[PDB]
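With one protein chain removed, the remaining protein chains of the complex are shown where they sit.
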Amino acid sequence: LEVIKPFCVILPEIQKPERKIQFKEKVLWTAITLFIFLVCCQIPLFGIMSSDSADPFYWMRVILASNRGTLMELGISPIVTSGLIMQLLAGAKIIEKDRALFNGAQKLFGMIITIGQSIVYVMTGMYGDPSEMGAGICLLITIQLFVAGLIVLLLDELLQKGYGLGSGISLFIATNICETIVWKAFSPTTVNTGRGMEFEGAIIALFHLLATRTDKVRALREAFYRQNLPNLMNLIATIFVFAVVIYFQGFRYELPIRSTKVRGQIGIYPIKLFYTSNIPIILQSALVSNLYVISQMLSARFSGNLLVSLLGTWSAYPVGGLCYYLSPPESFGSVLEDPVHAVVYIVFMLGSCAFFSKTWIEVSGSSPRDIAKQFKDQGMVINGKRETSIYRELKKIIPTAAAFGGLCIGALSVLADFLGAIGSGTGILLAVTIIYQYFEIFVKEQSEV
Amino acid sequence: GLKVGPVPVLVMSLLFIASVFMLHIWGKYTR
Partner (left out) sequence: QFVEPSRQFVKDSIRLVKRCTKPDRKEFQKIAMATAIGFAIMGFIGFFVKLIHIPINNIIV
């Protein structure tokens, strides 16, 4: 890391708070951070010749909190990429005052890959032929995306240094999902057609149809079963899935942990059903989105190849190949028409989520062996058990808890996709889990006070 | 290294936003 310090000391850093910021002020700073992120999401880049082409990275716009043709086109890619690069370098033993140097290195690597990602996005023909834009326009777009990625990194540091209530990744993903749901609920954008004005928001459309149309029953049924714009059934399904995920996320196994090193601090260690909070969903969505974008690029460039055809076949939704069986069915009638695809999708979702959950407990350090080591270090024992049988109890509970939590969160995603809820299964599950993380932070701060 | 606070971060984000807006305005006037 000694060859990188001069370049590690040239980027801005957030100073740690002297005191411990109160919960109210941390909420205010989280609101300010998400406001800045949204405002930048709504501001287009300069130099855009045309955005008529289909978005190649349309499937990453939810897991990366991105927005095409704007200052947060790359979304939270700086944070995610810097974290993964630093973790991979730690695995390769290359990477290792130490905290400040580590943060500087992660910022520098994230910004380098932000430049690379801006180059890739420009060269994808997203904004037009790069030859037609020219070196000046491409460089301006790269500079804007570079500075925006710097701002994203600074906002994540603001959140994670004690000014905010978490990480930029979760906050921005949940913010974009909630924005999408509220937009589909309350959009004033009217879509004129043969009938007339039709607000793109379901509730505004309901009010408009009730106020204008003479046949009130026809207006209600239309507003509930629109097939061109958001439904009211879609919001009803979104609320129902919200409630179900909220119910299933409060499940926990309460271990009565006692203390041996220091006596008289009887407590409870909760092993949640959702042991890995939305990590299976994040991993599954990242896998499927990367497969989707790779298949779309391969179909665009290398069309007619056998391996490309089996990888995916697009119309832009997949119609055949691996990417088709990895896609939620369009509706329940689609499930009825093709049951084999529905079964394959359900099995893939459940199995992938369960596998990702167990792999993540084995990787992130929440395995039963790791929890037993934590108990030994803190001198904690189970109330009705021994100190040598703690690992056996954790092996009974935690692995099954992680596997079934992944299974249940995948099942909830499948249910939300089948119900046609606004924001799909990934969006709803991610939003609910992130808001529950924020609620857990709130209750932890209250218990501390 | 530079150790900015949260308010400087907000101000610099607003300044980048304003810079993009002025880029758009300058291009609009030039065209």
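Going in written order, the chains are labelled A and B, and every chain counts its residues from 1.
By definition in this document, a residue touches a chain if its C-beta (ideal position, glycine included) is under 8 Å from a C-beta of that chain, and two chains touch if they have at least 3 such contacts.
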item	value
Hidden-chain contact residue, picked from the options A:64, A:202 or A:431	A:431
Absent-chain contact - pick from A:137, A:155, A:202 or A:273	A:273
Option touching the unshown chain, where A:49, A:54 or A:243 are the choices	A:243
Residue of A:176, A:231, A:278 or A:352 touching the missing chain in the full complex	A:176
Where the unshown chain meets chain A, residue by residue	31, 34-35, 38-39, 41-44, 174-176, 178-179, 181-183, 186, 188, 242-243, 246-247, 249-254, 270, 273, 396-397, 400-401, 403-404, 407, 431-432, 435-436, 438-439, 442
Touching residues (missing chain, whole complex) on chain B	21, 24-25, 28
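We adopt the following convention: only the chains that are shown with their structure count from here on.
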item	value
Rounded Å distance between chain A and chain B, as computed from the means of their C-alpha atoms	27
Residues of chain B defined as touching chain A within the complex	1-6, 9-10, 12-14, 16-17, 20-21, 23-24, 27
Interface residues, chain A side, partner chain B - complex	8-15, 29, 32, 36, 39-40, 43-46, 71, 100, 104, 140, 144, 147-148, 151, 154-155, 158, 163
